[PDB]
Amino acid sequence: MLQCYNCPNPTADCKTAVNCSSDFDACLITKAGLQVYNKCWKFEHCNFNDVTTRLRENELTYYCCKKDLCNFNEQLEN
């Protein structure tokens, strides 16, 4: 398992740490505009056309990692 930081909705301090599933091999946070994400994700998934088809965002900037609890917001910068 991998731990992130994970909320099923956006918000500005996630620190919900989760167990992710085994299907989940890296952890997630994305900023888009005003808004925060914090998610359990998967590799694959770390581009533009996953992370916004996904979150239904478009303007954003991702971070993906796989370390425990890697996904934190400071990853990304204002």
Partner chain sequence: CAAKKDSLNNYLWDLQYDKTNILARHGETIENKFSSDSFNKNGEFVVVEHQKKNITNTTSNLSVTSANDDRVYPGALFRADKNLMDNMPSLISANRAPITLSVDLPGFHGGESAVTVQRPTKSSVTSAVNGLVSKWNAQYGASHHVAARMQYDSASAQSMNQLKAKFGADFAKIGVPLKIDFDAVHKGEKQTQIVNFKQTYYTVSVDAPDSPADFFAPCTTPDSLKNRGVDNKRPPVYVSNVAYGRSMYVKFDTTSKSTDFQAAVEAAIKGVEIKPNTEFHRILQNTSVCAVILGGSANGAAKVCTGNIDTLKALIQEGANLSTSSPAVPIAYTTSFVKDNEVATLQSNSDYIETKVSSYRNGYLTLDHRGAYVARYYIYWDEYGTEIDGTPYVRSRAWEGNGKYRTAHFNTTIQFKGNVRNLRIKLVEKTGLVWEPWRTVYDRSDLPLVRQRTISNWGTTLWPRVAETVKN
Second form
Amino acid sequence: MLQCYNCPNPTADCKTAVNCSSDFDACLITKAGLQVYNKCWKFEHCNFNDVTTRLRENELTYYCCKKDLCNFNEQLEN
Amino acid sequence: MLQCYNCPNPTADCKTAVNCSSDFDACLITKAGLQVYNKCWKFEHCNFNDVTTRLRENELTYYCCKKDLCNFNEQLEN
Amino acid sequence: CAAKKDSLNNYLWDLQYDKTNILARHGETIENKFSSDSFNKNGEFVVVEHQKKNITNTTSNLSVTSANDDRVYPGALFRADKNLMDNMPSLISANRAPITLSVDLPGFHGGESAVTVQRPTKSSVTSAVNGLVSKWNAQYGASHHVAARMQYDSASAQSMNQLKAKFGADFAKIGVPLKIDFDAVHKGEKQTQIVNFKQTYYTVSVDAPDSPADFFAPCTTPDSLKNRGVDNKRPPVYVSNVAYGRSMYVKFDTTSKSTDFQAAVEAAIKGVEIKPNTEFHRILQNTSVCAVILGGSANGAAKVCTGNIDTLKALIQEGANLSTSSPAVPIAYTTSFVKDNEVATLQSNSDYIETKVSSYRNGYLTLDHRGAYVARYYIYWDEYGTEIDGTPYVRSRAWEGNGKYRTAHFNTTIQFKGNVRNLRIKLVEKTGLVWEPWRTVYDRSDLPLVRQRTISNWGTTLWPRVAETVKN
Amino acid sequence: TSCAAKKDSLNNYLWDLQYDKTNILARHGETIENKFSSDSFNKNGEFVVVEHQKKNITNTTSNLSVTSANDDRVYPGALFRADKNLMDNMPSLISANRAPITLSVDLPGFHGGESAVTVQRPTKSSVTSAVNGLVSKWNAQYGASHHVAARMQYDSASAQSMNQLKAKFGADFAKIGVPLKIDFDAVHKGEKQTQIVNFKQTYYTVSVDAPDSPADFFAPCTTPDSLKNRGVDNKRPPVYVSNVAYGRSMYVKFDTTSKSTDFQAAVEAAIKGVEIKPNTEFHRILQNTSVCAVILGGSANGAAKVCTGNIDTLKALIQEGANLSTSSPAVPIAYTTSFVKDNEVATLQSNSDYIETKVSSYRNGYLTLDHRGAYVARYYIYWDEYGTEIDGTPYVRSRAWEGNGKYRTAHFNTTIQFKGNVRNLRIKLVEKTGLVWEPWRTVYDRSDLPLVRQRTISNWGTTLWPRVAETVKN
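Switching from the form deposited without its partner chain: structure of the form deposited with its partner chain bound?
Every component of the complex follows; first up is the chain already shown.
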């Protein structure tokens, strides 16, 4: 349904791509302080409050999209 | 709340504006033959299969949008 | 005469034409095109979008006007030629046979709703219709109040070519009293909407004769029609019925850049809430209205187009429902082919370049830290976006000076794009202390992108104070 | 009985420097107003849209590039001012009487104290020789043994303007990047899409030890006025090269004439490895991606030459420098500076406004209907037209083939044109099998089927035994 970078743990260089499940329709890449997340996501949860709570990161910047392997780290200014 | 013309049965000129329930994020106007429906809708059901199935029609065009009272009849060229 | 009575289904049945092209208009084509540009004139930004599109309009109900009123009456005969497609049909003169007419109107029994005109002429059929109305207002005038059946067609004003396809090839001469700027629409300086209203009281329809000969006097020969142009290239039609009432063209326009304009105009037509402080109210409160009223009589134009959404509502109520017993005139007519008595349809097809407009207003946030202690800000916001292709994306942002150890009198102003969303501001304060070593003083979210926003914090390390101001 | 002591005074001067460690090393490019433009053209089929909009790039990094121009003044233990020269990647040394300094190298093997060396009075040649002496000792004792793989890091950016790339890759990117012969006018016209990527392969890092006290670095009786005069103050604080990375560095230009989105994701996916295939998706973009790579060294290495290659050219250049051939240099590729006051790593902020151009295209398709069946047939064809309003609000408007429920007799043939952006194409045929009021008999009912360059649906046979076929193309 959609292909995106999904690393179950924060890593500066997420390189593993997976065909996300039906449950997921969008993709997320976030930079919380010094940690970087990449995973299949739901567009309805592409808000500050949801990403903050679901990743346990007080301060962050995030990006959401719906194209294959779009959520690479160079999409956020850093 | 999204505002949308919603008439429970087909009519030529639907005039009853209503605040759509929270789950409704779209506005539907569809011309099936000579019947015209105006309803609060869901963008995920703005689909030939979903529209025909739920209105008991086999031949139609439809228009969906996200703005207030956008589903007026002149929106479909027909 | 007889046997000679075979102009009917012998010359008028063997007529060869394609019912759906003989009355079809096409315009020269435009290849797909897309274009945009932005102003940045006011404090506003403004974007103008040009896009190629097509209008295909097929209607059978044709408009009555001054230039054609003399030729439009029930039972009249036309050729399905270029004159009809220009809404200026040419009469087929000929020694006509008697024809029967009928009228809606409530009441009437058996055949009292019908009348027979011996020599169909504009003058003669008119007097025949007036006489049939001259008396329903006698047996039933007091027994019934006849309402109007409202019908209208709306279209954005983009080009003359697309307006002709929407309203008729003769629209240029109807839309002169309407001072359509067009140039102002193409430059994004104006939005305009054209609406044609038709309030129908009653319609006079023709009783389909037994045979196509029934239409012409006896001893009318095929050659007699093959000499007045009636043929395969220009087959004949007759006015099936004619709607009586009041009609007008209305120009809605505004200098607003709001994208809810069309939806607000149409909501005003329909008589809806549009409530004190909603956005539809504020749009309609600045919409210029410009009406020119027509019909048979001789149109009449207007004067200087000065009106508002209220002028509209009065005319509706003034034309809706019966007028001063007036007809109030013929407003529409429908034609049918002599062969099979089926309703003819006119088809219009035109490409055009549409113009769309949009604008947002930049906002400013000023942070004045005139208080003790070390302040600290955490500001975020989301950028809703769409690539080419229409695919959505969300890119969140963070203030350059997020979490910087401020100090004494700190002041700064932040500039936000108008399309920013979900603004977020948190202010903390260093209190040299374990337990709550930072202490929140201001923590608000889902802020509104206002023109100006000022957040003034002061106080001490033990009781920081803070105030907030807005401005539009 | 006299001097020393005053080491206290120098320590207080360096500790009490007051600067904003961010804006002290921040760079700012040109400014531009919020412009938004779009235009289009029609290469044979292919409807191409180019859209320009004003963006901003902000970059913060502490990993500065080593070049031929600054190699003279970049060594572990060098002192600079956090001034304009450093921001331009041409730092100037602070001349002063220095103290010995201890360097360390992070190579595998070694014992405690073995991987470090002291340099009496560090200078460019004294530190370089010291480094070359440690690697030479490691290669002899553990070269045969340990095989070291480079930690690789890459920074990507779309080629849009020389100013935004200078903000991404350094104030001296121009000069460094003219060998890749970038064509900006071609990008903004939608003729090309281009990606610029800096690859850094680090074999090992030479680092400086904790100085214990910011006084020293310098001689014993140094007096803080010696620095005050020379321009070392809170307007231009002191920094030191805390470490220098050694290995292999190169710049790579990816460009294609494809008007496709997903280009950035395709190039980034290839760089990351990943089965870029399923021999279709990104596969087609990467068969059309030219690769131009210039490698940086010191012996005039070359320039690549005239530049030409593909993703397989890239992947070979990567795997050639994945390990030390314990015979290749020993080229510094990057260096990091830290503030003398608190030994905190210093970061350089660079930002610049620029207009980015994006491109998208769709190739219109054709549908052919051939009805050669002994029976009457009709067609029912629908499709969806998606769109976003001027803002970004989406909408969808369904359509119907003008010649839908029309009777088709004997031999009926026609082809239909479709914009490449239509979605969810639908097709139904049905044939007259009985009387008018009896339901038609459905031949061929298909939905949600892709838009190809050519689709032709032929139907034949007789009313009681109808037949139909589908072909697709390219």
